[PDB]
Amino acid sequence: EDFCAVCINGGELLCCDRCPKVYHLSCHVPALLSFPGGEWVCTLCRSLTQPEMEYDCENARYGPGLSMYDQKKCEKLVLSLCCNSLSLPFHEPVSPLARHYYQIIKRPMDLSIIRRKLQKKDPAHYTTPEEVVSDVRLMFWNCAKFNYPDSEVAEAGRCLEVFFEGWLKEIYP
C-alpha cells in the first residue's frame, strides 16, 4: 500500500518487514519516536514469545502496569482495531454538536483514548488487560446507544465489535 494502514493517508511511511502494512510513525501502536535504521516488524507481526526487537517508543524510555506480555497482546488488539477498514469513525471523539452526544453518553471512549492509556506515563494508564477490553466494549456500547440503528456507523460498530471479540479469543484463549 501507499497509504498508512491506520489513517489511510500518505506521507512519510514505515514498511513492516513481514506484512504489506505501512504506517506513519505516530499511527503505529505503539507510536515510534524515530525511523528504524535496520530490521523492523510491526506490532501485528511481532512475536509474543521472541520479541525480534524492542520499539523506540514512550514506554521504552519511561522505564502497577501491564506486564511486557500483556502489553504486546493489548497493543495487538488495539492496532488490529485501528487498522480495520470499519474503524475510522472510532479514531476520534464525536462532536459535542451532534444530538447532545455527551448528554446521552456519560462515559465516552474512542481509540485515541485507548491508545493513550496504553502508555505508562498517562495518569490513567491500564494496569490489566481486562481494563483494555472493558474500554473497547464501552466504546462499541456507546456507538450502539447513540447512533440510529439503521445508520452505516451503527452497522460498522456492530460488525467491528464482533470482529474484536474474535480477535480477543485468539489472543486471550
The other form holds:
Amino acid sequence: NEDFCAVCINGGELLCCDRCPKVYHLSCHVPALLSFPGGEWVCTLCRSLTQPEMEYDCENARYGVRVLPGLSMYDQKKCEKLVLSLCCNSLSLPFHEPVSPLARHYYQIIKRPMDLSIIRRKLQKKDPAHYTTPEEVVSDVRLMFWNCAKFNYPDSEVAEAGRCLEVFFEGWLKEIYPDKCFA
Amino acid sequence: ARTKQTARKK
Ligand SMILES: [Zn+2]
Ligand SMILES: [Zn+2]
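Can you give me the structure for the form solved in complex with the partner chain, which would complement the form solved without the partner chain we have just seen?
Time for the whole complex; same chain goes first.
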C-alpha cells in the first residue's frame, strides 16, 4: 500500500484497499465513506460492477436516501469509477477545487464554472442538483475541460494537463461504457 | 480494513 492518499496526496489516517496499492482518506474516496470499514474493503476502482463485494457506508446507502431519484445502482458505480479515476490522476489537481474568486479574468470569461468538487457532490442523491443520468455526469466533465481550454493559454501547464487528462477520461469512458455513445 | 498513518506534508 502507498503512503499518501490517492486523491489529495497527503498523509494522515488512510484506509487501504484490499486489492490495489491505493490508500484513501475516508472523505477523499468516491463515494465518501462515513466510517472506517470493519472488514474486507475494496475501493471503487477495484470493486466489481456485476457482483458487488461490499456495499459502502456512504450517504447514498442510507435508508432514507436510496429511495430518492438518481442514478441507477449500475450507473452510480460506473460514474463513481469515472470520477474517482479523474481524481486519482496526477494531472487532476488544478480541477479538484473551484478557481480562486480572486481570479478576475477567469470569472469574467468562464460563465459556467465546473470542478471535481461539484461533480462529487452531484453524485450524491441529497444534492439539490443531483445527477439522474450518466449523460449529465459526462456533460459536466466535458464542460470542465472546455472551460480549461477556453481560459488557459494553449501552451500553459494547466492547458496541457486539461487536454491530456481529457484524453485519459475519454479512454476510460469507452472502457466503462463500451456500448453507449455520449455524442 | 487495514489503515495506516503517514506524516502529513493558474
Ligand atoms: Zn485525501
Ligand atoms: Zn483498489
